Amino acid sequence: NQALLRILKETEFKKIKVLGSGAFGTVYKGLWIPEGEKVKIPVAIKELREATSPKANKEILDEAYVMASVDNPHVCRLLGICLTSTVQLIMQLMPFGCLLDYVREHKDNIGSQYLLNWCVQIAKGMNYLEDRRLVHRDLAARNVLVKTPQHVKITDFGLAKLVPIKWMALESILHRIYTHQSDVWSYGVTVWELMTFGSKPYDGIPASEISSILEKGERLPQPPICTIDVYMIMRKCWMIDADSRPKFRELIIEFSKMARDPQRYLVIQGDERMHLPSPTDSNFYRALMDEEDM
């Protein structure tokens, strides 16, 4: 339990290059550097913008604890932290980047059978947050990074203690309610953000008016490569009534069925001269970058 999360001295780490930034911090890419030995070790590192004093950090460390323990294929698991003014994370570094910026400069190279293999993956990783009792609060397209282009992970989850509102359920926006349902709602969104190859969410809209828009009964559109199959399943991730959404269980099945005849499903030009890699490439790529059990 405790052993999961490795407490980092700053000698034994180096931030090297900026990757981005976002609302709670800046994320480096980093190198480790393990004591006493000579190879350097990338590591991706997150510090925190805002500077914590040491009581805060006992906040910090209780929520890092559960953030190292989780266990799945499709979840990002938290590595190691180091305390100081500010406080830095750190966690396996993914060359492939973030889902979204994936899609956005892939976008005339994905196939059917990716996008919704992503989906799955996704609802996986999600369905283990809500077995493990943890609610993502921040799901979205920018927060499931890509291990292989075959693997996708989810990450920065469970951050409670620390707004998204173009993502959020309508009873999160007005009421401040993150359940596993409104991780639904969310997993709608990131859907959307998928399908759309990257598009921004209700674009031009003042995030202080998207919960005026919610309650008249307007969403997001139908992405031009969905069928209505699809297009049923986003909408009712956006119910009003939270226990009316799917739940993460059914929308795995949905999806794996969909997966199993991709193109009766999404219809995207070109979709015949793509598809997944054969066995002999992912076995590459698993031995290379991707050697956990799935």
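Positions refer to the first chain, counted from 1. Just so we're on the same page, rigid core means the largest C-alpha set that superposes within 1.5 Å between forms. First, how it differs from the form deposited in another entry.
Core-superposed comparison between the two forms: the Cα of residue 257 travels less than 2 Å. Once both forms are fitted on their rigid core, the CA atom of residue 23 lies 2 Å or more apart between the two forms.
Positional change of residue 40 between the two forms reaches 2 Å or more at the C-alpha, relative to the superposed core.
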Given for the second form:
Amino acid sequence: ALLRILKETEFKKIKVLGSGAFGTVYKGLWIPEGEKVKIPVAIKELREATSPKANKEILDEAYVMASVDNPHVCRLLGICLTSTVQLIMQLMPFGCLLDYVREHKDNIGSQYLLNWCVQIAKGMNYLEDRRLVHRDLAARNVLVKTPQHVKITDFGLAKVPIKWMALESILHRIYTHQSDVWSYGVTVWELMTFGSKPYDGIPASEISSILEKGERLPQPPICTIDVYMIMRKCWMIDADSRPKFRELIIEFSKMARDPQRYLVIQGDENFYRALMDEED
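Since we've got the form deposited in one PDB entry here, give me the form deposited in another entry too.
All you get below is the one chain by itself.
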């Protein structure tokens, strides 16, 4: 009952937020039949052709992605299956952290960057308890609800991010909770470099070759060595040598209580009912 099957006549698409090869994402509003409320939602219309055989496969995975309950993980709210499947989730008025961190390059402090690292690790730690592998962790897949509250989305999507995958994922298609730790390190690198592109100048056809010869992402200018060594431990060849999500929460939470020691940032020195693009 956590996944609600909506009728096509009870939600509206207003504006597209972006498109691609897996579907178009819209901004919209949801009014359940009877209830007298408006709910801002995001609607992702797929390109997958529906059918009694395919509809059963889509629905069964949509029930597990509606059963997550963590402050830093996004929950799937509803599905509409007609001649085209439409997925409905809550609208995150601030967008994704890649675009956010890139647009506020010159005004993000050490407290926000480290707190984002703790919040993302908590959401990935909960997914581990629920035995769900994300498989595509990146700064583009972290949504911002408020500047002090982020949530991870689009998990369990293997129903290609070569530069975010662990080495065992590139070579043998192995996706585990420890390969997610690798993707977490790259995501942290994105935040600490204010949205830079990883391995800039290297083709994706060479990423597997370049990692085994000993290459890693460089040390971000604002990070001390203590922050960088955590990120590098996420990129070890031996999967069981990478840190756990439990340990990452603890170590990054210790650094958040004295943020200026661990991040050198230029000019570094309740939230109830807040929006940004829910208007214009």
